[PDB]
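Asks: Spelled out from the first residue to the last, the chains are:
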Amino acid sequence: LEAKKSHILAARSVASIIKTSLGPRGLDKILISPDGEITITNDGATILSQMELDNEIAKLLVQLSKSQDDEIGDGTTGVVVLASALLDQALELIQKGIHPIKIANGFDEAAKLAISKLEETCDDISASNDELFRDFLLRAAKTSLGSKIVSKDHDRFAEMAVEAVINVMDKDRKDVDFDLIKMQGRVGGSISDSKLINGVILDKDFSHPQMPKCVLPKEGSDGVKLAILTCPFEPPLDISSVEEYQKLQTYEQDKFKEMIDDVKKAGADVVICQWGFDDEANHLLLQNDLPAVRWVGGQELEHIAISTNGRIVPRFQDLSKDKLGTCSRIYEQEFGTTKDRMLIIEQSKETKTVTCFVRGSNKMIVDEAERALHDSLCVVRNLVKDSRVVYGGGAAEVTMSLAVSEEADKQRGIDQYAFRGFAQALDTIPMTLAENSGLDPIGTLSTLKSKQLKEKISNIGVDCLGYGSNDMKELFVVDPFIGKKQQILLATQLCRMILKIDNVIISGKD
Amino acid sequence: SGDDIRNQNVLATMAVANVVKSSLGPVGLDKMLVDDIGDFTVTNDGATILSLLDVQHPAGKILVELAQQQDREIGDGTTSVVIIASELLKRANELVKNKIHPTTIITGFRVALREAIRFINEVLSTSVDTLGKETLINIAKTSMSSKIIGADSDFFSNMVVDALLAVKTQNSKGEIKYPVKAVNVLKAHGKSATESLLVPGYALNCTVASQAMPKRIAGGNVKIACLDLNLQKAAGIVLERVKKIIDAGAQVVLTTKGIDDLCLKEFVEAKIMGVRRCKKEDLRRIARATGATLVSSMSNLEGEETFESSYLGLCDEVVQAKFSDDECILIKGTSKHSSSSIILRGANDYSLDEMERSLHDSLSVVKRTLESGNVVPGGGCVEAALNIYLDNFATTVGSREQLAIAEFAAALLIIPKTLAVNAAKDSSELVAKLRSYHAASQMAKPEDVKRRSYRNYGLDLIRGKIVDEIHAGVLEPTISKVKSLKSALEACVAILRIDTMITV
Amino acid sequence: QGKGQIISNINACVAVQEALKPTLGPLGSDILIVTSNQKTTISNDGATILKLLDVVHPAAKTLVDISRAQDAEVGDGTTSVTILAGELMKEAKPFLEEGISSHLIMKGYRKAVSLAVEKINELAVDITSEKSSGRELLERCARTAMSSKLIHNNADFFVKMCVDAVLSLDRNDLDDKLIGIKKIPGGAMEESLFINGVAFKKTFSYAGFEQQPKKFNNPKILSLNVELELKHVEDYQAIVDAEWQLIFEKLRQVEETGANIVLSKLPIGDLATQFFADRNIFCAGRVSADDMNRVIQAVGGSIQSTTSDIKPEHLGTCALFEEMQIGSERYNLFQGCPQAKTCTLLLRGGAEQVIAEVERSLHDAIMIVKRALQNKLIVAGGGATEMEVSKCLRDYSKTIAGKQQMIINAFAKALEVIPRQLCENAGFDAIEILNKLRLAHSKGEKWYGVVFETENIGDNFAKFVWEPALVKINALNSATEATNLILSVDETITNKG
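Those sequence lines, one after another, are chains E, a and H.
Mapped onto the authors' numbering, the consecutive letters of the first sequence carry residue numbers 44 to 279, 287 to 560.
Mapped onto the authors' numbering, the consecutive letters of the second sequence carry residue numbers 21 to 254, 278 to 547.
Mapped onto the authors' numbering, the consecutive letters of the third sequence carry residue numbers 21 to 251, 263 to 528.
Looking at chain E on its own, in the form it has when it is part of the complex:
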């Protein structure tokens, strides 16, 4: 049974890392890349992704934590800290002589209570008004941004999120695809240069600025026809006399005209190719005053096909007007000193793919905003998926631990050993929130538990961000029901996965 001590102490090695990153006042960690690059992060999702531990039990903890990232996206360290607490309380229960199978069965019976206690505090957002949904949605989005440089422009970045998701969801189906939203950002500019763009930005210069960098709507014609071509603007040499070379060089122009005639005859307004253009390919396109774009990858080419209902045309002569992508307009937009000479393709409306333009002074600043944009969008997508929410951050973990303790008083059996510890484990969240915020580690727990019973049942949380009182409605600290359910649900799966491992057999390579 002593291997249970080795496995639990191993989990503490993981917890002793992740613990300190919990909180809007969290402590950042250095990531040394295999190449030597330094990244500074507060998100345990990136910490666990790059964290390489040789302990095989710890390798399990990471692989299982991936499941919360693939689903909710924001609950990474929640299941990590909860699991270390479930295992820490188990270590004492093992010393008390409880067989591991009885420890696990009790954690499940106590968990089934806490899940139902959470339900007592749920409330709906969208039941009121579309403007008030946008209001409460906006009020919630600002909760995720406080850990990033956007702390100054958090209103400018939060105002993005409202329509960023609403534009790509289905109000009646209530199912939004994250892949409809792209984050397109570069290292440079300033964070105030970040924009929410209705469409896609390819970061391409139309091969030359003399080439038409834009197509006007053509008095409102059928959009701008976009030719997605997979080949360079060129045809897919012994000179024994003068007459011969006169054609050798021209033959490129013969194909240039053939490709241009395919453009003009097909109706393609902008020619977007996978490879580059020839110097005379631009010249022949300049003779016909036809815009075109070169060196575009398929990810960018599909964003054309997606928003414009277009086609990836395999060859220049395979153009067809029905296969040409139709956009409201296309234009090359530079921001400030941007020399990349980017282009924006839009429907001038809710596109089937939208792009958040991100600029930032340092590479870290950019990734911090983009990582927040991932989670800030997930905050919205989780609020859309399940309108049932709680003012629960720091309050529900205490509310749940209060209920489990009250149940232990009614158990009267071997279950008293587990139900008492399940509440003690749940309390590690408000405790860790306090320690990582610089507050009293014990007095926070007593203050929180007293106010939710001695005063009355309400939403009373921690003071991490800094605020004069514990009122979670005044700070508007909101978490989804499905999120807190997956946190406590996967935590018990984490505990069972660890407690049910009796031997770690590590084989070698012959």
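Just so you know, the hints here were simulated from the structure itself, not pulled from any lab data.
Using N, Cα and C, we set each Cβ at its ideal position, and we do this for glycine too.
It is possible that part of the hints are untrue.
As the list claims (entries may be wrong) - Here chain H is said to cover these stretches of chain a; the calculated rule only asks that three of the stretch's residues, wherever they fall, bring their Cβ under 8 Å from a Cβ of chain H:
#1 443-452
#2 473-479
To be verified - Beta-carbon label-pair distances, calculated as ranges:
#3 H:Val137 <-> a:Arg411: 48 to 58 Å
#4 a:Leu73 <-> H:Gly119: 19 to 29 Å
#5 H:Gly119 <-> a:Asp50: 15 to 25 Å
#6 E:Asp459 <-> H:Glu211: 35 to 45 Å
#7 H:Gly119 <-> E:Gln106: 50 to 60 Å
Dock chains a and H against chain E, hints included.
Replies: Here is chains a and H on its own, set in the frame of chain E:
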């Protein structure tokens, strides 16, 4: 502390067992004891083996100390304590590794004793079934097979027992015990060994002082006066002492220091039986057999005589019968004598000195077997019958002690196991068969349904078979086997209670 | 060397037992196995565990080989082989030290296995309709296999699929390949989708949407292997069209076959969908030959690597082919294929390991129903059969005298390692359960065994906890042989270099 000291404790007591293991049995192997002086001694005596055994590990001081009390308290049982206990501890460590708390192990072993004492008390036998059937003849044969008379022990052992069968005494307020110095036996050259005769009564080591004096006086009820002071000339006075024998009425006279020529002839004229020069120790037993009191000097406030009706003993019939170079005085019975006699015939006194060697041992051993009233079927019967009965006891509790009831019971096979190993015979065959013979004895026999369903079959170490130890005659005291088990668990508990050792 | 070579060999097999002893039971523990490919598998499946142990000691190689045979010959009971075989050797330690020879021990083990097989035959109850209806024969058994699990609340969901999953097979032909499981991340447990036949997750790695109508009421499935995608100065183009025209006509040679569904083992891109979009042929490459051979066993087609030699004989038709958005991803399904004897279940759940727990909980329940139809003779579960053989072999040792008496007694003692590990791995009081079970069995009840619901003993026939007779017989016979192989070794000769 913990399993470390528990493992060390067992290894210590098993090392002690490695010393006594080979010594169990009449055919066992001896151990050589060596001191720092340079002397050596070789013995199978369990008390000596343990007394000189140097024990350094502190656990063994408990096991040996018990056996030291066993010998000083009882006088035997020193080998069984170590062998029985070491098996109990060997198997107890297996219970420890099986998550059995030391307290539960001890509790169950004590319960098994409460059950086992009852079983042993029920299955034992009393000092009976020894007459008319070869229970003391085979016990005597056991002691006599090592004697030169061994070939003829069937004839000699009949007298060893038949004589002892009649010497029941009350000793200290009716103990029912046999006299050790008794059955005055005569080493004689008379005839062949198998023709030695058993005498129905006691023979005082003497004859009639003068062949002229009458040798049988007062056949019905006879009084005997034992005198020391001589009747010899220092003469009418020492002769007159015969006239005092006449007036005082002593019919058989035991005069220790001799009889004058006139006194010898005066006994003839007086028709009184005269005797000269008897062994003093026999005369003291005559004082306790017939009552004739040896008078060392005649005082009694100036009294000089056999002291009419005072110093005379009482006997039924006194006869001197001639048995072909054996003319000695025979004592039939009386109120209380408990005496007898045996005639030994053989090649010569030097060969009859083997009967001195034989009877010294054979009379002592047979008496020791009849010293104890309740006796035990020997040969692993008391160990193996417990093995079978204690298995069924497993159903009486059947909770947590059920595991300890089994290991306690199985440990009792270390004795019939060791008896076989030390005997050179197949240990696995003999022990298993002992179990099966005692196994069925617990089935229908106690239901009184038996064709040949009878226990008390035990291990024969000589003929190499399992035999009815009642008809074979191997018995051990019930006070020994009961005290042996009581002692064994005393040390087993004592060692199992050691969970910490601190060295300061 | 000598008798101590056996001591060393037993010690090695004990090490195997200690690693495998926590694995007995549906309530049992897992082993984390790190393979040389850095492929980590955490499993309680003794067949997988034994595959990956990588045992090197010569004696343990024999023990594992015996247990791997249990899998191929029977398929279940591989854990009981390792536990039973090991304890029969562990109980032999006191016999070797007392001088009992290898023939004396092995002759006794052969005597016991003969005595036991016959008592297994007496215990056998022929359950076809004997006191059981046809539906509840399978249903109540599968409901038992799933009781008190994480899927307990969805027991009706999984049993409804599980019982009919096997019942949907050919009752004359049972084979594990006919019930396949997909690990579909996303969705709740009750969101798992049962496919009447075979489905695959569309590994087609390129675009091409809004073309090639993908659903067919009567498809004609064609299987390819090759890639039919393409990927003077003017003359440079000719080499591209030379190859393009070749594969483009080969794309037409698929149209000449007449296929509605085109499969490939190699990536198929948009350049290949050029023709398939023009002629409207659904194509899915990178498809496993297992699902393709299931198509061969579903619709009865044939796989042709190239496009030219294909005749109508290569085509097959199913009752329904549909690509569905169910599962936050596109999945293609075949249902009701004329030749199909197969079915598949797409497992959806909160995580891959949550699926793994449902997967192996189902895999066992599948085998529970599988052998309900395979085996006619059943024996008691919950260790009741092990107590049944225990009582009978104890009685034989009472009526048999000689060295066999002690050896047979050891056999009986070792039979209780099965109920012992069933008790310890479930967290029960092993001392109490072993004693209450032994006495109650000796009172005449042959069906008392381990109850996992409430720590107690009870009738496993009433609980419908049934084990195949041949599982018990072939495993017991195999374990006896294993003890004959290890206990019979006197020397190890190693040719080193």
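Asks: Now tell me, hint by hint, if it's right for this structure.
Replies: Here is what the structure says about each hint:
no.	hint	verdict
1	443-452	holds (count 3)
2	473-479	holds (count 4)
3	H:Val137 <-> a:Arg411: 48 to 58 Å	56 Å, holds
4	a:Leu73 <-> H:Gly119: 19 to 29 Å	27 Å, holds
5	H:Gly119 <-> a:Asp50: 15 to 25 Å	23 Å, holds
6	E:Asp459 <-> H:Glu211: 35 to 45 Å	37 Å, holds
7	H:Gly119 <-> E:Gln106: 50 to 60 Å	54 Å, holds
Checked against the numbered hints above, the structure violates none of them.
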